[PDB]
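First, one chain by itself: the form deposited in one PDB entry, in structure tokens.
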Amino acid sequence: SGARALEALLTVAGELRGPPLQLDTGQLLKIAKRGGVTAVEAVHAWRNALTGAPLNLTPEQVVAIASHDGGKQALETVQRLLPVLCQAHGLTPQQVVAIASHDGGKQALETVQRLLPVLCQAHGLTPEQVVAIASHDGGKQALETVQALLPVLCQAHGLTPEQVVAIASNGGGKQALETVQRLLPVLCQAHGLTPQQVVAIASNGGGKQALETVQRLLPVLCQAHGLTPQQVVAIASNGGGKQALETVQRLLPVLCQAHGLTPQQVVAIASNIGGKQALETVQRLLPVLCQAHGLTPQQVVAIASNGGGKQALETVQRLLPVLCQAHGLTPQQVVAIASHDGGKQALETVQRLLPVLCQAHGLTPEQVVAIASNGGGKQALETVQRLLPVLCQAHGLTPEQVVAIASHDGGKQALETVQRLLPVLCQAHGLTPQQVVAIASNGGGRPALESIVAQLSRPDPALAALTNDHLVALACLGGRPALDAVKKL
């Protein structure tokens, strides 16, 4: 009955493509791959209840919840617990989705429910801090561990609640927490690290192995390799962790002696998530990129030194000719696009969309490069392609303004939020569009605009002190953080 079971499964997928979820093939694939057949079936059985009152989940939220080991249990649990978490604990549905959307989401949900009161009332955490702790695989473990260990970590060890939250808020947060508890004294007292440096190391995924590996290799990397404790700390706390540290141990001589890299640029390469992969890839590709592509070593190092640098390097090697000779991009432009986290996605997206953006939207190659040369470049490019025409027709923006909003980290968010909040800002708050554009055209433009609309609607006397124009100027180069900075004085 394998063929009938298969027919049943495909009928289920087909039905999900209809109401109420209207899932696309990508979404189906996501749930299948990450949550399995049981998650696909669970979504199908509960589609009405997940999208209906009292949950009202969007299809994207349903997809995010299902797309994990135990996805079925998470979906089941969200149906039981969301009304209490929202109405009793004061969480928003999106915060609930965030707690739910990990392997073991059911456990983290039951645990936020049980623990949020003690964490906030007795330990002094905010609900947002509790959400951040919960929103990872093993969230239950981290929540219980913070609850158990925050008092010892703060009083006996001197850490702030914020620092404990930082350590706890990664996958394996429990491991990281216990390892800080164990290893904070040695690393400070014996190695002379500050507590903040230890927190900075501990607050990445694999924080525990990173701490243990800093203890293990700090002396040999300094002594036998010539690095400073600072460099070792940067390598350990920049996401590279244990893998990066050990790979620097192995490859530093070869990269310096044979390939001619300074130890500083080797450190720059090691100092991101996937630093091990980046190091190995520079070792492999430095000759080829520097003899048969005329890229300088500086340029290669610059590409390698971001998270997933490996991917960026291989992608540069593959696409540099096509982008230079077919799309008319200069190698410097290709380097600039490559030299961010996710440079691979940005490059591939430029290869795909450059012609479209130049010819259907009239953008010059320089503008396309401008948009592409930030983290999340792919996202920004795709949402300019989507929203350029509507923002010009409906909201009366120029292509320049659209490119400007787009050309920062989070450009996608800033564009979408302009689309969502431009009407009410200008209509109900006699706010000007050039003004809203001004707010949107920085990193954090999104939360800036949102804090603005929050102020105008449910204002806050304390903050209710500046002009619909003074707050504008404030958001315009401090954003949300500036708005909060004033609104606590």
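Positions refer to the first chain, counted from 1. Here the rigid core means the biggest group of C-alpha atoms that line up within 1.5 Å when the two forms are laid on top of each other. Compared with the form deposited in another entry:
- When both forms sit on the same rigid core, the CA shifts between these two forms reach 2 angstroms or more only at 415 out of 91, 200, 415, 116.
- Superposition on the rigid core between these two forms places the CA atom of residue 275 less than 2 Å from its counterpart.
- The Cα shift for residue 178 between these two forms, taken after rigid core superposition, is smaller than 2 angstroms.
- Core-superposed comparison between these two forms: the Cα of residue 245 travels less than 2 Å.
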Second form
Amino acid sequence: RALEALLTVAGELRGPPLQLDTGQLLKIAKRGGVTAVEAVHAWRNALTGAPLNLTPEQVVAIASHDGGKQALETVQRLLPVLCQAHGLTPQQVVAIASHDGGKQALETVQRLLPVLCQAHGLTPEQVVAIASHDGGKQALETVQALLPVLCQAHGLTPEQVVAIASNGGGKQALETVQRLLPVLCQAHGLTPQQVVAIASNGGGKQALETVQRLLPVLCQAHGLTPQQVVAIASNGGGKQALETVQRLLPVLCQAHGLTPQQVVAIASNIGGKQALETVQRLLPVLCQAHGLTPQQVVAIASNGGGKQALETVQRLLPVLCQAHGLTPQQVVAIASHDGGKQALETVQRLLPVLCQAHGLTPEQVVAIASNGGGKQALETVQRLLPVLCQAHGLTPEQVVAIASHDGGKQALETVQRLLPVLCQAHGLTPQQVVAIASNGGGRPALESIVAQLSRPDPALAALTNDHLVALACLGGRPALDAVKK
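Please supply the corresponding structure for the form deposited in another entry (the preceding block corresponds to the form deposited in one PDB entry).
Just the single chain follows, nothing else.
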């Protein structure tokens, strides 16, 4: 009988000061719950207004987790203390809240930040890193606790300790390293380095126990070099890829004619369990009715979310080749990255619109879709290729060159925003800008140049605008950063 108030509330959030859309109320109501939704509406005016000055997106980002209400009340209370007593940016405060049990991680940060920063020479960037996950305060307490005994007695660096703690379940990972480090750097014969690689992913603990167990087994059985097994486990949810390999290695090996190199090459990714399993269902069909080769199959499988890519290829190769006229070779190009499934769906959807009101060739389209975030780049091209070419004096071929990299989208937006100030204000030519953006690292290379030009370092005017440009072209921000030094 309260459903009336609930809906009235979730109808009133649709206006000021928050103006939320369906999918956001859905996001909150989902992960945050009825009580997150209600709290949001209570503090809409208090969260938005000074001194907190939060944004709608920020407020959703907090609310939409187990704890939403708690984390909202906590953030309201602590943001000022964290920023003014502890020199944190509101951004960082938000990143820490935006997880399950915000309240815990915030409070624990406020408490431990001094003693970790002072007494344990950590930087607030690092502490923020560790708090910014689920169970952040477990992580925090376990770092406070174990950092000495881990650095001194086990011989680690604090950067490694930080790296292991900056996953969800960092607590468990720290303790598990503390336990098993000796029983691996000696008993199966591994670098720390390797162990550290293993423990620095979520489920690092699981991956650690699992290896501790199977490294003697799997490495003197199926013939895996132990380097290969580390490879496998020093990845997302390794555990599962380790067992899944223990099962499916001989099979796919003998029953599917797969070399251990490729099985290993598949499991050596996030969700490798799913990649191995799905390759075991679908390796056939794919090579039978689709003509694809085992090589190309392994290929599609050896990026992250292999299973999505595989299944989307099995479902979309024919309609793609048959209707939109693409080669199997091209389809494999588009699938052979992370988010492949997405890349494919977006192509199939967009090849039409793109190759028409934009005059884009299918080859340009497949070029765009054949990198990570391919779908992002596509959508961004579709949105901007009008805005750009026209009211900014570019050509489709250039827009294509800017999209045709990882971060295609970041690059296209950054260009949209910075073209004016760089061309005019600092006297650069569009060919230059385009040169720079047309690499992976576009966004930051642009930003790093624009910065270098608007607040030009006094002992950096040794170099010419065109030398800078040559350098952002060469190695983006990394290279313009190796100058300001």
